[PDB]
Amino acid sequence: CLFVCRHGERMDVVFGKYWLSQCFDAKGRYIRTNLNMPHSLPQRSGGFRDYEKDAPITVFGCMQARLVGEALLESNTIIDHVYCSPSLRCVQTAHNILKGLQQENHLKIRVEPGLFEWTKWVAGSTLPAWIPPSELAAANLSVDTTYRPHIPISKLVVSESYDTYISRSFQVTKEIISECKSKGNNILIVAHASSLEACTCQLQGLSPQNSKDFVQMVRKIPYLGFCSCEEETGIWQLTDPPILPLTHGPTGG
């Protein structure tokens, strides 16, 4: 069985494309101005600019994930292997899920650029400056630095076509299921709203949807939205997920 899910709430959504203008001042000192803003953002090799295209989750986004994980704990769902997209937001999410499972120390996360979302969405001709696992583990994030990626950064393409994405996802997935096959029977993926229809489209075996009813079906996926597949029967299908959803509204006004 397989579990894919979307990341916590984003700081660049709640607070705007001009959000660094509300954290940071002249000398690049972080200054929180809302309570949903972390108390420290971690320091980045490149400097504060790497956020602009690689934003971290908000306080409530963490909680979203720490709750999902606690829920996994309560439902006696043992998670054997967890892989996440190199997006900062997808790493911070995954680390909190594990806190909730109380496995921040035991489990160690496979980072995998193959899980990232359709680069059509990236601004400009350039990818976000992802933190390399050595530097993520560096900020006290239970990450597995050893894990060699199955689709390296460099091997990815900088504003790709629709069916390049669906194939690299339904390609990366097929690899990850083989990777574990009898090293634990429960793998989770922390990734993106696009990830859920792209990776389990072909796993369950369906015929990918037009580039118009993907975007259709994707924007309808909440934060920490999350889905279950179950099969060596070679026949994978969706199962009612082992936990309940997490619907709240906004702060209001």
Contents of the next structure:
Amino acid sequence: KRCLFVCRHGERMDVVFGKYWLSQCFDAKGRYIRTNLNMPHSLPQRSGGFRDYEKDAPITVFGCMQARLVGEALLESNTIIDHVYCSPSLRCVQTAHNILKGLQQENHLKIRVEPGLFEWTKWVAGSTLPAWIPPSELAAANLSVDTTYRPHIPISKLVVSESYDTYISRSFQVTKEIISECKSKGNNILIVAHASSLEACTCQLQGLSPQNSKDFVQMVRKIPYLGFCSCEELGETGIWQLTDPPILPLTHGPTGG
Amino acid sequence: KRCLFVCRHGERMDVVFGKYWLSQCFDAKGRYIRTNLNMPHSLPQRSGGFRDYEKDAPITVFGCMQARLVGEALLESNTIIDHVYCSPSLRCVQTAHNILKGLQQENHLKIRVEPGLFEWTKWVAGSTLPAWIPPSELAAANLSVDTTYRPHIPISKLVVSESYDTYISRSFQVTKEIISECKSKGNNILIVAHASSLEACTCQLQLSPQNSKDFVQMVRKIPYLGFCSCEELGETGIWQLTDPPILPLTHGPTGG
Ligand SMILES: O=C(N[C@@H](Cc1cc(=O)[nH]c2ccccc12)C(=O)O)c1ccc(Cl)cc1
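Go ahead and give the structure of the form solved in complex with Rebamipide, now that the form deposited without Rebamipide is out.
The next block holds the full complex; its first chain is the one shown before.
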């Protein structure tokens, strides 16, 4: 077969509890005090204190469970994952790790943190990139990250508020580089990143021309949490095609009220 | 203090997947075939076939997690639940069970199924009540129900398309009958019912029950596993609302 799977990260803390979520779970002294059961028991310590979460928020408890279930669904369908890459966004690393937990592969597979899979940098606030936890420190928080992996696009080569074309171009360049270095090692590749990744990583893989920016944004906003798409290589053509994913979709509603 | 905990059931299968949800997860021959990871691995075989679900829908996978977490939160607060009662709706009994799982008390405790705790019957479709699974059949699905339990208001004594006055009374009466029999047994009692139940059961145990229009508004504002706490003001017999012993639970949808 040989497949490439691209899925979106889990439910975001800064979506459910809004842009001022740190207000609701950190006190004056900076102690994490959860005020909701959807908040995790504890948050990992960061190199810049809790304010590094403002532009790089973690997934919720239900975000972990979405990720666990997709992993459990891959195992149940005997869908073997040989390689896993993720965006350097904390929400993506956490999703990837929780998929490995559901996959029962926490202690075998080591996640390849690729900054080239970070979403369109136009969607970052201010004139500074997020303070992404380095692989070495993600590993030191139990998250099953490969600290050996050489990134195709380092953090230093990412542009602040890049053009649509810059984002689409690097998304394509990095996906071919990912595919190229996994030609030898294994069949199936899982990418855990953003809504934008599912289209930007696959669009030009099929030989097709990319969408215009406004069509792209509309496609991207219809992709749910842990939204999962699939690409099979057509023979040895080098072109890949989208296919019915190996697992069922995942749809739940809100808490309500 | 001596507490009464009233909480709504978990996420409904028939809300997420619509009114035609049996169309999506049952084929010609009545074989359950899930089409989404939020649908459970399997559904219990029902007395009168699969069509009995049409009016008594089960909670989703994420429905069970909502319940589990509420249960786990009760455990962590050092809150010992001494007696647990619930509506005869499958969603309510499934919620009740997953709270006991969350409490690590599936074996120790047994759920008291009370038809008197069922929601306002005006919200029933057709001219017939839902074909509820009897406490005997529920315990045969590994759901930790108390087959012993003598219901204060049995099914046969429930009126189809009842009035707002009849509901608040039967909700008030059953709550007192629940408080009465527990007096000695333990301290804290847990009701597991519907969005209506949280108001109807603790309104006049504290006040004049609100009008029908004001009620419906308050009900639709209560989330899945929404949780309120009442405590007896001494031995006076007048109970009052209090900041619950556990945090609330808020999550968004799948989206798109
Ligand atoms: O929903 C957010 N992000 C999106 C990407 C995204 C980001 C953006 O700025 N504008 C957009 C417009 C159209 C489409 C997508 C975007 C994602 O998760 O895929 C999001 C971002 C910040 C916070 Cl505090 C909370 C939530």
